[PDB]
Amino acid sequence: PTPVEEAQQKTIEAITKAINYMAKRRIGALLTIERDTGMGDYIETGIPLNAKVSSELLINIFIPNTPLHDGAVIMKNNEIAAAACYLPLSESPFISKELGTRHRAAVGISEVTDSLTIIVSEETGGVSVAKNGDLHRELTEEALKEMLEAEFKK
């Protein structure tokens, strides 16, 4: 385990801990992780943080009725770049009618970037992921961690 590999693993654990905490509490969340496609244009629409990753900061951002909780958090490598960001809303006809704006935004950014977006439903606490225009819903924590590990490789 090189320092970079360990850093990546700590970031993955930080994400999965935060998502699990919010899922249990029905705390709605929208977390977009930059991959190879730069997302500066969307990062600039939010509140700049440029912060180190922690599960604690991720949770604190999404607490309901707070300044930062609406909109997307966008992450870069080992960084929380900005919160309350705008994302394009998908027009896909495959987006279930019972889903929220968070899901429409996550699929939207996944259609025009190679990013990975995680969504926590404030209705059910269910966890979903948007990638390449596809939305995969009702993920177990095992499924989420394995997705992140597969996606962080490259």
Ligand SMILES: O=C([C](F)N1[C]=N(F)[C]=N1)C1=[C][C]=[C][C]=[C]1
Given for the second form:
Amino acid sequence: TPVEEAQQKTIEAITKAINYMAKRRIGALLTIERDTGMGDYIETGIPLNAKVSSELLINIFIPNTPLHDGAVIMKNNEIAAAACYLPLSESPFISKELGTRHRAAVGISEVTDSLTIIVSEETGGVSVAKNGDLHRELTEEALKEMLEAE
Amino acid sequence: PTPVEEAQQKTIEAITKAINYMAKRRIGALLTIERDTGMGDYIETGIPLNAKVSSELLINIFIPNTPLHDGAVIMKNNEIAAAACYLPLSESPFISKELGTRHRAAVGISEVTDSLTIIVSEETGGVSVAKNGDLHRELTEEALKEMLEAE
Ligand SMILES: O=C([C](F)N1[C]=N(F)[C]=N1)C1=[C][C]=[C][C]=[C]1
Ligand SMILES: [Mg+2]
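Structure of the form solved in complex with this ligand, given the form deposited without this ligand:
Once more the chain from above appears, this time first in line as the rest of the complex follows.
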């Protein structure tokens, strides 16, 4: 169906962008709003309300650019805003080698049902935060499975 | 001022801030503003964005060696319609011979539309505008803003 084709296209755009950033070890933080509304956090960023594309996602997160600091928040199959604030988790059970991007992802996952993808700038490793837990060192296939499950 | 006029002022401010940032850093850029002649055929050659304008997004689009930096950004009113778009190349003899494809593309679209195109040179950081087949080079910040306000 049209809705199904659009969801699969968005998943492919995300995974292609994550692949490019993982390979180059470009830090990234991408939160996908689900049932819990995230308007208060969207409002902290730069409004985009843009069509999703792998190219736009990559261009957003290039280091030392205006938009790369903070989270991209996606809502209703669009990029709602970039450079958004997310709350930092105080969970003592996050790997100590991880920094602010990962704590921000876990933090938003503690108070919403959202799914957040993180690319580490140190290693290029890909992780997902959901329900207050961080799922680390994902393969491409694991990330796709999580996006399809969500 | 009406909401429409205030929105236009915000868009001009966003454009001028982005152009000034890129000029200072010799970031090449090609930004066409659609006017009354529709540019859909050219918009459809690019990557669709349909995004709200911001200086931050304009700058991010043109960062060298990124997916979106080659080709034209096309704006429709207060939106970035698409990036990495094709524009036709002008054969005009009044394009300075040292200028590259971005300037030739800007003059080219200006020959078949009433659009206004801004170009930042990656060689010199100079700012130019193409309109109605004519290229106006080495614009000051003040001149660019005046051109946009008049448009
Ligand atoms: O990229 C990547 C992976 F890991 N992935 C994950 N996800 F999730 C997506 N992708 C790579 C490849 C190769 C080399 C390095 C790196
Ligand atoms: Mg002069």
